[PDB]
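Just one chain follows, in the form deposited without the ligand, and it is written as structure tokens.
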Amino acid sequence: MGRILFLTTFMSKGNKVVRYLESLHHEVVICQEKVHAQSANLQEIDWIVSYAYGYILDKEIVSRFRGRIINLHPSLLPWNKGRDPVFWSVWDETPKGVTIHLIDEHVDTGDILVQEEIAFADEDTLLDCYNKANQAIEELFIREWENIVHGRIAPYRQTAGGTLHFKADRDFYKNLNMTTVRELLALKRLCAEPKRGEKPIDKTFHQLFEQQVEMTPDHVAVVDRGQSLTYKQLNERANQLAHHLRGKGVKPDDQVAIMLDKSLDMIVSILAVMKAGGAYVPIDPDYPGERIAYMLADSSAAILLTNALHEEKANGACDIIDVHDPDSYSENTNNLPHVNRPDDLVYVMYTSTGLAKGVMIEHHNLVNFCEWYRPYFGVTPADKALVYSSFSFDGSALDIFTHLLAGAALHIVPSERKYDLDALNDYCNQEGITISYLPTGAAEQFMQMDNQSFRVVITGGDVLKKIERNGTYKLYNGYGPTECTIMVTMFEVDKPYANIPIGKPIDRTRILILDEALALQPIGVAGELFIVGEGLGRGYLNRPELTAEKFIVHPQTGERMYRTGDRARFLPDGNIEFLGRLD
């Protein structure tokens, strides 16, 4: 009857389409390469039928064969134009279907000849969907071919809108071929970009603290043994010191070293550094003089807040401000004029494998964690919390900062009860301590101690393994590197597990389980744990190349992500599971 040119790159040469056309006594020329006008494949051709053809016909050809180029596209056009239509139909959750349409000078925008809806089951693999779609459109072609040949079908223009996808758009999703529709949409819900409407964080910590002071000014802020400071008292004293600090020339992004033991002065010093404008660099006096010297050297801290006791441990490294000298405190008790942005540094903490690296954290990083922490754990002014961790560690940021914005009362943990957890347990039972964070080691011990005061306890760092505890308090296992601010995931331990999961991401953060090629892994499949979102800090101080290494720009996505180097995977219920180091 007529000679037909069948164009395709993916489909076979024995399609139901080809054989059906051949059954009608058509000479079907099959071609799987890009052709030009001179091509012998275009000699005496009546109809061109394209089907998953991965090339564009020259406009010379499309005009010459106008109204005679038919294309089988397994999507409900205008939805999912271009490449991988079925995959993107499932992923973007668009209407499903198959479309036989005309070819124009653009990608899958030509007028429709025939079109019908298709349906994918929640249990179908994407390969099944791909096959079902091809099956459907092939049958449709065989059904409507006679109507198309005689040209009795009225072509109707596509609806406005739809979507388009290019060849490379599926690179990030190359491992999801055998995943189910359900599994795929689940992975989407877990790892897809944040929904619209969100705005950038617009507050610093000392802004929110100063706000909290005006709401609960006479409430106890911090307690050390028999002495205590209210929010108003703490604020005023921190202000007095902060005025003196800013007077010494402290400015945004400037580092200010603090070398003190756990005390009221430490809290005053920290808040004073913030309110002054700079970021505080905590230095444990019990560190070796070597690390202390290095920490002071690496950091650009021109100022050091410390005692006369620990004064000499710095060896005249910097201008010292004595927290016990009344001259170090100004008369002015008012809140200083704000000069900070949320992207200014708030603190620099060090993590020792090599020489210790100064992790840079910004205000918005800390604000996000605190703003998540308060409602998540339902913290109120009624609560009381321990300042347990060394203030050189990020666990102290949890202790001090999260509870101060909740209006709660901090309780300093002295040295005499740092190791004796039975004595600390007595303190907690006496003072009615309700919530706190203990490292995994210490937390596992506190389960042995008989406690009645606690309402919640939070653990993180090393691998949790024990769960059984005497008290009647909720147990929470968290996870996250210092580079991504304290913690990025949190789990409520309800049952015992051989591997206690580290939970789901906190506010404004996403965790992505990627393979070596930085492509998505299906739910339940192991891979490297990548962190994304508000938690990511500025990077390592004075280590730009190492920062570039660990804080990456994803090849496909282009988002800023932190490479943890940890091994993990998502459980079916969304909870993340830690699976040791990569090496």
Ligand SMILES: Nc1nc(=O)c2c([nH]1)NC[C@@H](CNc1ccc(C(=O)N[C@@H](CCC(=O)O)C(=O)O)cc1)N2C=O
Second form
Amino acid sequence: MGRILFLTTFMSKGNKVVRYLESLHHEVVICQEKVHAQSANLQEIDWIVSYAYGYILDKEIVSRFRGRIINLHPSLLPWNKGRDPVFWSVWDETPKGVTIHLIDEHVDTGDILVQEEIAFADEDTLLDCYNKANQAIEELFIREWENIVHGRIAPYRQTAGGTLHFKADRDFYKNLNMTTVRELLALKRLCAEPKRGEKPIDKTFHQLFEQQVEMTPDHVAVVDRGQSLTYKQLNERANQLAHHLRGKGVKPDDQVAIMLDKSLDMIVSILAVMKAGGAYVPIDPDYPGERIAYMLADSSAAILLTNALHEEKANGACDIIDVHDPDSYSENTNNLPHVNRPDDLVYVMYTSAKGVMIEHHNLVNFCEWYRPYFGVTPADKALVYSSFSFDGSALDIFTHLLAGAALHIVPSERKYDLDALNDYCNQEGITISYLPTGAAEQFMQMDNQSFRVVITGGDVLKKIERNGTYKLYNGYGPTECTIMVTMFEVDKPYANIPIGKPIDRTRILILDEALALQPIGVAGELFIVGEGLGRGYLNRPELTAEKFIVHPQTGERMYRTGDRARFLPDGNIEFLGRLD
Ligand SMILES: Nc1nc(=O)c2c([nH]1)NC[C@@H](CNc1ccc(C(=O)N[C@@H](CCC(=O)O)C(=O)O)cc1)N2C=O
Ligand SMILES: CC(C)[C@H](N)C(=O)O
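Same protein, different condition: the form deposited without the ligand was shown, now please give the form solved in complex with the ligand.
Full assembly next; the chain just shown is listed first.
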């Protein structure tokens, strides 16, 4: 009878479709390569049927075979045109079906002949779906072929719109072929790009702090032994120092070093640096004079806020401002005119070394997530415990100041004696704070009735047994992505205590060495994306590039931690040590 040219690159030479056509006494030429007009595969052809053909047809060919080129495409067009349609059908959660349509000059733009709705069960694998569709369309072709040959079907134009996908759009998703529909949608919900409608962060920390001063001005801000400052008192003194600093020429993105012990003067100095416009570099003065000398050299800091006592540990490296000299304080107590943007530096901290750069928007995002998460109110009282050279300090000070809470400085007297500290808290009625895993585990041993919440993380947490009523939370995150990026409420004991779910405006991805996504439950190198990412390492652009990358598929900016982890079925993340 008639000679049929069958085009495919993926499909077998013995498809149900080919056998049916041969059953009807058609000679079926099978071709899997691109062809041109001169091709001997185009001699004496009545119908062209194409099924997963991986090449376009020159206009020359489609015109000569107009009205006689059929394509088998397993999607409910115009949904899911182009490559890997069955997959994108699941991922993009489009309607699912199979379509036989004429071949137009453009990809999958030909008028429809027949169309069928298909269904996938939550339990089917993505390879199950791929087959179930090819099954459905092959059977459909056999049912309606006769109707197609005799030309008795009225082609109808495809509905406007649709989705289109390209060959390489699945690269990022190569490891997901054997995933379940349920398991695949779960992964999307955990790792898919942010939903539309969100706006950049438009505030700096000292903006929001000055905001909070006017709401709770007479509330206690910071306490150190018997001395205390209200938000109003604290704000005005920082302003006086900030005026002085901006007079000395502090400007946005400038570095100002602070070398002091935990004290009211420290909080004033920190806020004064921000309000002036710059970012503060905390230097614990117990560091070896070697480290201190380096931190001041690497840092471009021209100003140093410090004591008469620690003055000499800098060896005249820079201009010094005595926080105890009343001449370092201006008469003006007004808030300074704002000159900062959220992309300006807020602080620079050193890892165990390199200068990590953090911007205001990084810090704002963390505090704005912290307040509502832990339901912090001005009734709360928190401790300044961590060294002021670690990002754990930023949590202690900043989160609670924007909640109107009261900060209590922790002297070395009870820094180590947790029995004595606990007595502090029970007397003063402390309700919340962060303790590193080491210190936190110890504190579980002391009796406590003050706390409402305690937070840990930084090293692996292994014990949960606590005496007090308070809830307990384990967190995770590197200094490079601003304090912590994930948070878990500990409800029951675990052999591996999970580190929780991501915070506001942050996303975490588990990737192959190839940087491809990994199914829920499969380990990989944990990657961070979102508001938390800092500016990088100071004076270390080549190394910054190493750790702050532009993903090859998505083009998003991500931080490579070098930690192993995996997602649990309920959405929480599980730490699995370093990558080695
Ligand atoms: N002329 C024509 N119209 C069609 O509608 C049609 C055909 N040919 N041939 C088979 C199928 C389309 N199949 C495909 C699938 C992918 C590519 C492809 O190579 N896409 C590249 C684009 C890059 C480039 O243009 O070089 C990609 O990266 O996604 C081509 C044809 N098809 C009807 O079903
Ligand atoms: C100390 C902790 C809050 C910090 N994210 C770290 O791991 O260094």
